[PDB]
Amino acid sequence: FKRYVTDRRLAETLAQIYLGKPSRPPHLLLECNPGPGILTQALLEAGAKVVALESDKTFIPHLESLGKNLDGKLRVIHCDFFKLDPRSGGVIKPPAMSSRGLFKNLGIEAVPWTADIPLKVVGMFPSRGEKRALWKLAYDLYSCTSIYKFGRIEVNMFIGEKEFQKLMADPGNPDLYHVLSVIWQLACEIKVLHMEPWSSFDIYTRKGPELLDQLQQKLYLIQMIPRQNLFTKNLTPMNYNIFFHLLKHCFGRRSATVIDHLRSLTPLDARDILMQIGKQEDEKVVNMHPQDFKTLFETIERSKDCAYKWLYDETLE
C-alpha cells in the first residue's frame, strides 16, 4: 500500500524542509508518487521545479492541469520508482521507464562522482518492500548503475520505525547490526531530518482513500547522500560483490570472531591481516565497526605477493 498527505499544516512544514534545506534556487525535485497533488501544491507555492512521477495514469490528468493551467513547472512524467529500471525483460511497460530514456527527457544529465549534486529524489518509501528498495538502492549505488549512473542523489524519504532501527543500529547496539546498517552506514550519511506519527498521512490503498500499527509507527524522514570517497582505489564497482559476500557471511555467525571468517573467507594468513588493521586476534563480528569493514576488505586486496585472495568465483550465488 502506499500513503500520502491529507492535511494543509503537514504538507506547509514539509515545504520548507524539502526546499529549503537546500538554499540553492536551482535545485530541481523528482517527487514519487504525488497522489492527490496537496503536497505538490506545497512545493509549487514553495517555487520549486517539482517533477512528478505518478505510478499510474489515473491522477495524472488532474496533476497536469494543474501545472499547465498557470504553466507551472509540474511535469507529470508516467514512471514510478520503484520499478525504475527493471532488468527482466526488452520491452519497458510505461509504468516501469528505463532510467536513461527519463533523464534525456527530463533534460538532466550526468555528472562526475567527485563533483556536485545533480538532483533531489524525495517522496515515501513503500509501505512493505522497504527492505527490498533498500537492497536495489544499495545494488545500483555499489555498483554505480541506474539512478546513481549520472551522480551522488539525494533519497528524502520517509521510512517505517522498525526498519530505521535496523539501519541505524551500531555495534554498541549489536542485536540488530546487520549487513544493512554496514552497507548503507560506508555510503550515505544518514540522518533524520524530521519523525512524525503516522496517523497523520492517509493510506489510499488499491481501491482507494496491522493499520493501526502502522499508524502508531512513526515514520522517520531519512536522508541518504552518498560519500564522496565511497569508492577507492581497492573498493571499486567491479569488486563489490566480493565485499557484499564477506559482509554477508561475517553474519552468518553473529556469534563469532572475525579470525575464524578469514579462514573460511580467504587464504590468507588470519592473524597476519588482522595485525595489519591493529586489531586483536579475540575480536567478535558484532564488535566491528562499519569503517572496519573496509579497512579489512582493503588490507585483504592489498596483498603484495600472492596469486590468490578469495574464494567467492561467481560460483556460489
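Numbering follows the first chain given and starts at 1. Throughout, rigid core stands for the largest set of C-alpha atoms superposing within 1.5 Å between the two forms. First, how it differs from the form deposited in another entry.
- A movement of the C-alpha atom of residue 300 falling short of 2 angstroms is seen between the two forms when the two forms are aligned on their rigid core.
- After superposition on the rigid core, the Cα of residue 309 moves by less than 2 Å between the two forms.
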Contents of the next structure:
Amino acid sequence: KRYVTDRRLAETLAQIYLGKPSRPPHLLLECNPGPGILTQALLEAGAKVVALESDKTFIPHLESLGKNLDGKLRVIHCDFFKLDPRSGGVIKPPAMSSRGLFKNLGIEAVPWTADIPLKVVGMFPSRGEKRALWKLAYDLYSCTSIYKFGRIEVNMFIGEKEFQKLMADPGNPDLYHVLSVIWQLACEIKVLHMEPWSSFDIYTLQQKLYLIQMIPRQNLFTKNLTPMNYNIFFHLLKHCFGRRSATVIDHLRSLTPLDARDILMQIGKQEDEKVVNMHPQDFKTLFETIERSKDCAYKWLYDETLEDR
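Output the structure of the form deposited in another entry; the preceding block shows the form deposited in one PDB entry.
Coming up is the bare chain, nothing alongside it.
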C-alpha cells in the first residue's frame, strides 16, 4: 500500500494546504496516515488535522502524537472510500457513515453557494483509481455522503496513465472518455506537483503521481441539471462514447425521440459533429437543451431498467 514517508517537500505541501494566512485553522482530513511523518509535517503548520486511517495495525502512534499536540490531532479510525457503505447495516470501525464523522467533529452542513468548509488529502488506491473516481463523482453529482455537507474540496495524488484521461479536451482521440466530461464540469483540476515514483516508498516502469485538487464548481446545478437526473446525463455520456467514431446524430437517434438535428441547431454544433470532438461543456448544455423542451412529454428513454436488459 502506497504511503508517504519522505520529508522531501513535506513543508511545501504544508504551505500548499495553508492557503490564505488570514483563514482560520482549517480542518485537514488526511487519508491513510501510515508512517505519520506527513501528519507531523501537517501539524507543524499549526492548523487542526483530523486523521482518517484504514491501517489500525499501527494505530497508537497517531493518537500518541495527538495528545502531545494538545488534542489538535483528533484521530478517528476510518477509510475514506468506505464512508456510507454499500447496502450494509452494522457499522464496523473501518467503514462508517459521514454523519458520524461530522457529528464527532461538530462541523455542519452549509448551502452549496457557501464557502469551502473543509479540506481532504489522501491517496487513491494503487489499482482502484477509476472506481474511486466514480465513487467521488457519484457523491458529487448526487449531493450525498461528504458533499451533502458543502462544497468540499479534495486534493490527492493521481496516476499518470489516468491523468490526461481526466484532463482530455476535444483532441487526443485515443484517451478522451466519460470520466473527463463527468469530472471536469465541476472539478477545477490544477496540477500542484509532479513527483515520480522514487519518493513514494510503498510500505511493506516509473509511475509519476500528480496532485489534482478537485474543487466542486458553484455553477454546476441548474433548472435542467439537478442532483436527481444525473444518471440520465451519465448514460448520455457513456452511450455517446460507446461508439467513438459515430456522430451525435447517431447516438441521439437512439437516446431521444427528439430530432437530434434540431437540438444540435439549438446548441450551435453541426450535424457532422463527432463525439470525440465535442466540448465537455457542450455535453452539459446538450443535456440542458434536451431537458428544457416543453412541447413533448417523453424526452428520454433511460430508466433504471437499463441497468440490466
